[PDB]
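Trainee: Chain by chain, the residues run as shown.
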Amino acid sequence: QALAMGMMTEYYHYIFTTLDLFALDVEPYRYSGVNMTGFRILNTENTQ
Amino acid sequence: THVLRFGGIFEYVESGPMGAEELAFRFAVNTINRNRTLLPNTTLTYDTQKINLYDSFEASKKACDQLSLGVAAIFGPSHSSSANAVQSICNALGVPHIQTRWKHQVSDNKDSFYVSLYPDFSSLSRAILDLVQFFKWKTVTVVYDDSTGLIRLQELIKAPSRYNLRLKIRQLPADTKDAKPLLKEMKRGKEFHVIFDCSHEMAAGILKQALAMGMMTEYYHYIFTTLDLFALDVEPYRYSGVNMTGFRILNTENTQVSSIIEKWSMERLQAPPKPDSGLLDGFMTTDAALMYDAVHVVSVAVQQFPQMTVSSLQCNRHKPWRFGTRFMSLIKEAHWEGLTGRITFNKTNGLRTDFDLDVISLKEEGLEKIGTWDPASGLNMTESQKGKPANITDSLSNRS
Amino acid sequence: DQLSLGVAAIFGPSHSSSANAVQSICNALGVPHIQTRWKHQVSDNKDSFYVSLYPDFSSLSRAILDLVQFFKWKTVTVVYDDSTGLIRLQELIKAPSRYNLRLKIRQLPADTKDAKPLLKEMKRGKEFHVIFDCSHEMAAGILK
Amino acid sequence: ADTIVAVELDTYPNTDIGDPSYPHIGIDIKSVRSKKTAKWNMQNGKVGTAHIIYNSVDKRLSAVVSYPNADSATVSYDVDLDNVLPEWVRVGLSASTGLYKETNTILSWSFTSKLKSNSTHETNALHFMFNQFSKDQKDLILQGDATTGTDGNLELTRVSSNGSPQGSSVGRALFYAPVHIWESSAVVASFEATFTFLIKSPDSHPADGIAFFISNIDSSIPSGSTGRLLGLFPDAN
Ligand SMILES: *[C@@H]1O[C@H](CO)[C@@H](O[C@@H]2O[C@H](CO)[C@@H](O[C@@H]3O[C@H](CO[C@H]4O[C@H](CO)[C@@H](O)[C@H](O)[C@@H]4O[C@@H]4O[C@H](CO)[C@@H](O)[C@H](O)[C@H]4NC(C)=O)[C@@H](O)[C@H](O[C@H]4O[C@H](CO)[C@@H](O)[C@H](O)[C@@H]4O[C@@H]4O[C@H](CO)[C@@H](O)[C@H](O)[C@H]4NC(C)=O)[C@@H]3O)[C@H](O)[C@H]2NC(C)=O)[C@H](O)[C@H]1NC(C)=O
Ligand SMILES: *[C@@H]1O[C@H](CO)[C@@H](O[C@@H]2O[C@H](CO)[C@@H](O[C@@H]3O[C@H](CO[C@H]4O[C@H](CO)[C@@H](O)[C@H](O)[C@@H]4O)[C@@H](O)[C@H](O)[C@@H]3O)[C@H](O)[C@H]2NC(C)=O)[C@H](O)[C@H]1NC(C)=O
Ligand SMILES: *[C@@H]1O[C@H](CO)[C@@H](O[C@@H]2O[C@H](CO)[C@@H](O[C@@H]3O[C@H](CO[C@H]4O[C@H](CO)[C@@H](O)[C@H](O)[C@@H]4O)[C@@H](O)[C@H](O)[C@@H]3O)[C@H](O)[C@H]2NC(C)=O)[C@H](O)[C@H]1NC(C)=O
Ligand SMILES: *[C@@H]1O[C@H](CO)[C@@H](O[C@@H]2O[C@H](CO)[C@@H](O[C@@H]3O[C@H](CO)[C@@H](O)[C@H](O)[C@@H]3O)[C@H](O)[C@H]2NC(C)=O)[C@H](O)[C@H]1NC(C)=O
Ligand SMILES: *[C@@H]1O[C@H](CO)[C@@H](O[C@@H]2O[C@H](CO)[C@@H](O[C@@H]3O[C@H](CO)[C@@H](O)[C@H](O)[C@@H]3O)[C@H](O)[C@H]2NC(C)=O)[C@H](O)[C@H]1NC(C)=O
Ligand SMILES: *[C@@H]1O[C@H](CO)[C@@H](O[C@@H]2O[C@H](CO)[C@@H](O)[C@H](O)[C@H]2NC(C)=O)[C@H](O)[C@H]1NC(C)=O
Ligand SMILES: [Ca+2]
Ligand SMILES: [Zn+2]
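Read top to bottom, the protein sequences are chains D, B, A and G. The first sequence: position 18 = 258 (the deposited numbering), numbered continuously. The second sequence: position 85 = 117 (the deposited numbering), numbered continuously. The third sequence: position 48 = 144 (the deposited numbering), numbered continuously. The fourth sequence: position 149 = 149 (the deposited numbering), numbered continuously.
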């Protein structure tokens with residue numbers, strides 16, 4: 241609903257307070273210009 | 033009672049249903065065939081042949097294969113390569129050629145026997161050039177799709193010399209539909225006022241790539257030079273902020289017209305335009321709307337000349353078809369309110385030059401008419417716009 | 097007539113309307129079609145039984161683009177002849193986007209040789225860096 | 001737009017803007033759409049004799065043109081020169097062509113105004129008789145692309161392309177000094193002219209007509225006038 245209102249552009253920046261931002265399909269928004277900063281506690285870099 | 037066979041050359045779909053132009057020809061025959069009020073004694077039958085549409089030799093066979101069997105008018109292919117061929121078959125043996133899609137007429141091609149019911153891009157390019165002055169642009173970027181598009185918008189390229197709009201002509205990448213590198217350059221280049229020159233399929237696929245690059249916002253404005261902008265599913269873009277202004281010749285406001293599109297969508301039963309396309313489901317494309325008018329404008333001409341019979345013209349030992357001199361006049365002196373407004377030709381070259389654009393645009397309720405263009409007049413806009421107060425009785429500074 | 101009599105190479109009916117006929121004839125029955133003047137290659141015209149010995153304007157329009165970078169112009173002016181002539185200059189019209197040019201494109205009026213309407217306006221706009229696209233007959237007619 | 005009243009000796013029919021189907025003498029009141037016209041014979045390269053008066057004892061603005069052994073085209077239209085044309089003017093000649101060529105050689109020109117200092121008491125004049133247009137005639141304010149000299153001729157075309165005078169050419173021949181008209185000392189200013197032209201046959205349907213105007217004291221070529229606008233009008237209205 242923020243995409244269809246033309247509101248995810250180069251001069252917006254969204255902070256999500258979810259600890260699950262990694263599970264968002266960000267494929268429609270990767271080239272958009274939008275800044276989406278969040279936090280993740282799930283330590284995915286460890287191979288175990 | 034009296035027989036009257038029309039020709040027909042269309043694209044060869046090998047597995048699916050036939051093309052939108054071919055179904056529109058089969059429809060417009062059957063509509064006139066079941067109504068006696070227009071043309072009491074005609075028994076209009078078709079000779080629709082199919083070519084690969086990119087072969088000027090194959091188009092010359094199926095032109096002669098129809099004309100040896102006997103036709104009255106050949107409704108032509110939709111390419112630039114095949115139409116230049118079949119026109120010279122039609123000019124040689126006599127029968128008129130009825131074009132429904134734009135062709136580069138070579139300026140030194142001395143031909144009678146052709147009319148082009150597609151609205152000619154010389155007169156359309158005034159309507160774009162009038163429209164950019166209404167919005168008072170100075171930073172216009174033309175984006176076309178193939179090298180023929182410089183011919184089509186040539187009256188738009190030829191006008192930083194008279195006016196002050198600064199053109200920055202670009203091209204969509206071929207051998208792909210991924211114009212991500214193009215729209216990176218245009219966004220970085222601060223290009224906020226864009227004129228595409230696309231077919232409505234590629235004008236739909238350019239917007240999903242413009243949406244995913246965050247480029248359809250409140251400070252962009254796109255002019256599409258398609259006459260089929262109405263068939264774009266604009267549902268993802270209606271709330272966006274984007275301005276999408278275009279032209280439409282398809283006179284959908286008339287109920288006699290709008291009944292036909294309603295009758296069109298039911299009788300197709302074709303392959304579904306899946307949501308990866310971006311188009312709406314059942315409409316008449318403006319390529320297929322003109323082929324509906326192609327039958328009627330000739331059907332007006334066969335009404336005024338009832339003595340007309342069909343001969344067996346063979347291409348090798350060719351002679352002019354003796355009715356072909358007379359019958360070409362009644363096509364050119366003809367007027368008919370079809371789906372795309374009135375069809376009036378030009379007494380010189382048979383290009384359709386006087387026509388009726390309805391200028392539509394994008395507001396938050398869908399595509400919406402904001403005026404009307406005409407060649408004789410200018411932009412009759414400010415039909416959706418109302419206001420312009422201009423209260424100059426202010427500022428109180430100093431009398432003297 | 098010539099294919100029925102039997103030839104090896106049809107040497108170029110040398111115009112854009114007349115070439116597209118004989119090219120697709122030669123693609124059909126097989127013999128090589130030796131084009132000797134530039135025509136418009138349609139992008140979806142899947143043919144290859146032809147060669148075209150005129151130097152392509154995909155290369156030439158970069159060469160005129162090389163000179164306007166070498167002479168460092170910024171107020172270039174194209175004067176062409178036919179509506180086909182914008183295809184001859186693809187890369188030249190497409191490059192104020194990539195550089196700082198200000199292409200102001202003008203057309204000679206057809207069926208005449210009077211540049212007296214045109215050159216009156218080109219002197220008016222202070223255009224001194226003209227890029228013509230005439231033939232060699234219509235080159236000297238404008239130079240006079 | 002400058003206020004201007006002219007006598008078009010139009011050698012080309014302009015049916016789009018009100019000129020008749022025949023070439024014609026005309027008359028203009030701020031309009032290329034003529035008040036009154038009449039048929040003019042328009043012979044080939046021959047000579048000249050035109051004559052224009054306006055006597056406010058009869059207030060008829062008349063104009064006649066006659067070749068030798070030809071007739072006379074009286075095209076007299078009553079118009080009130082009180083309000084249609086300013087106090088001070090700058091009369092002269094105007095000629096043009098476009099897309100068809102013609103020669104517009106003027107070879108002699110006169111003028112004679114007489115306006116009422118006090119009707120009997122010795123009215124003013126501006127009589128001149130330019131039979132000998134020189135190479136450096138410095139009492140003409142010849143505008144546009146008008147040429148002169150090289151003979152006794154006033155060539156109001158870019159000429160000497162073997163007399164094929166380089167089509168879409170235009171050249172005006174304004175006289176140097178102003179004339180008092182409006183009313184103010186009322187308007188009996190019986191201005192005369194004699195306007196011996198030469199229009200050579202170019203074998204090309206000779207066309208676009210010579211004029212004789214009474215303009216504003218400031219004037220130039222209006223916005224391009226090579227053609228139907230005949231050398232002195234901005235618009236077709
Ligand atoms: C339909 O498609 C059309 C495309 O063909 C297009 O119409 C075109 O519109 C333009 C204007 O936008 C128009 O130009 C005007 O038309 C005059 C006549 O056309 C002449 O000349 C043009 C070039 O200008 C040629 O293209 C024509 O083929 C034709 O040329 C012929 O060839 C000889 C060669 O020597 C000429 O001398 C002859 O004139 C002609 N022979 C014939 C017809 O047998 C053109 O002349 C107009 O110029 C006018 O203004 C000039 C200003 O100085 C004058 O000097 C000049 O003489 C013209 O005045 C008129 O001249 C006419 C003949 O030339 C006469 O009728 C009158 O004497 C005179 N006064 C009038 C009419 O009041 C001007 O440039 C194109 O000609 C026209 N194409 C045509 C008609 O084929 C339309 O946009 C499309 N749509 C519609 C809705 O029509
Ligand atoms: C969210 O905000 C961020 C700014 O706070 C944006 O960061 C930008 O991210 C891009 C990557 O998309 C960076 O580009 C990188 O540049 C470095 C080095 O810069 C040089 O690289 C390019 C080639 O890409 C070269 O052509 C130039 O000469 C540069 O000098 C590269 O090492 C990287 O691989 C990557 O290319 C930007 O530098 C960066 N900062 C900006 C634009 O100020 C981020 O993209 C935002 N999210 C969006 C817009 O969706
Ligand atoms: C493309 O450009 C158009 C202008 O060039 C945009 O139109 C603007 O957008 C709004 C909302 O869509 C339109 O509002 C409609 O106007 C009428 C009457 O005017 C009302 O406008 C004022 C504000 O100017 C508002 O406060 C009042 O309530 C008035 O009632 C209403 O009847 C409609 O319901 C609707 O409100 C305007 O016409 C226009 N506004 C401006 C400031 O230009 C168009 O939306 C653009 N497309 C986008 C952004 O996607
Ligand atoms: C066979 O075709 C004819 C030709 O169109 C049909 O007759 C006429 O059709 C038109 C179009 O619907 C009717 O025109 C109407 O005009 C009025 C006033 O001008 C206005 O309300 C609309 O603009 C409307 O278009 C016209 O009445 C009608 N004439 C009749 C019925 O006599 C005819 O109906 C067709 N045959 C069949 C069986 O449908
Ligand atoms: C742009 O389109 C509009 C819409 O048609 C044009 O306005 C129309 O102008 C005509 C002029 O004859 C109006 O007709 C007459 O107006 C009176 C006013 O009451 C009416 O009673 C009659 O219908 C009469 O025929 C017509 O009403 C009017 N339509 C409107 C205002 O909606 C306008 O002229 C066009 N502009 C152009 C072509 O430049
Ligand atoms: C077809 O043939 C006859 C020929 O006379 C038709 O008669 C006329 O046909 C014209 C054109 O079709 C109509 O405009 C007239 O109104 C017809 N007049 C009459 C009296 O019919 C007739 O319509 C047709 N007959 C048949 C049997 O199909
Ligand atoms: Ca005139
Ligand atoms: Zn006149």
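There's no promise every hint is true.
[Unchecked claim] Now the stretches of chain B that chain A is said to cover, found in silico as 3 or more residues with beta-carbon under 8 Å:
1. 111-119
2. 233-247
[Claimed, not checked] Derived BS3-like pairs (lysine-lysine); straight-line CA-CA distance at most 27 Å:
3. B:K209 / B:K168
4. A:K168 / B:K200
5. G:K35 / G:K114
6. B:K240 / B:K222
7. G:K138 / G:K36
8. A:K168 / B:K379
9. G:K200 / A:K212
10. B:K170 / A:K240
11. B:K395 / B:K168
12. B:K216 / A:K209
13. A:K209 / B:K209
14. B:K168 / A:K142
[Claimed, not checked] Just some of the chain D residues that point at chain B, by a computed CB distance under 8 Å:
15. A242
16. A244
17. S272
18. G273
19. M276
20. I281
21. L282
By construction, these hints were calculated from the structure, which means they are not laboratory data. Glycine residues also receive a C-beta, built at the ideal position from the N, C-alpha and C atoms.
Trainee: Run every hint past the structure and note whether it holds.
Mentor: Verification of the supplied hints:
1. 111-119: holds (count 5)
2. 233-247: Not satisfied, violated; 0 residues make the cut.
3. B:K209 / B:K168: Not satisfied, since the Cα-Cα distance of roughly 31 Å exceeds 27 Å.
4. A:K168 / B:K200: holds, 19 Å
5. G:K35 / G:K114: holds, 25 Å
6. B:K240 / B:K222: holds, 20 Å
7. G:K138 / G:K36: Given that 27 Å is the threshold and the Cα spacing comes to 35 Å, the pair is violated.
8. A:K168 / B:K379: violated, 48 Å
9. G:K200 / A:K212: holds, 22 Å
10. B:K170 / A:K240: Violated, at roughly 36 Å.
11. B:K395 / B:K168: The given pair, whose Cα atoms are some 20 Å apart, holds under the 27 Å limit.
12. B:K216 / A:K209: With Cα atoms ~44 Å apart, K216 of chain B and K209 of chain A exceed 27 Å; violated.
13. A:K209 / B:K209: With Cα atoms ~43 Å apart, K209 of chain A and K209 of chain B exceed 27 Å; violated.
14. B:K168 / A:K142: violated, 43 Å
15. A242: violated, 10 Å
16. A244: holds, 5 Å
17. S272: Given a least distance of 4 Å, the restraint on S272 of chain D holds.
18. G273: Holds, because the Cβ-Cβ distance from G273 of chain D to chain B comes to roughly 4 Å (cut-off 8 Å).
19. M276: violated, 12 Å
20. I281: violated, 29 Å
21. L282: Constraint on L282 of chain D not satisfied, violated at 27 Å.
In this structure, the earlier hints numbered 2, 3, 7, 8, 10, 12, 13, 14, 15, 19, 20 and 21 are contradicted, and the remaining ones agree with it.
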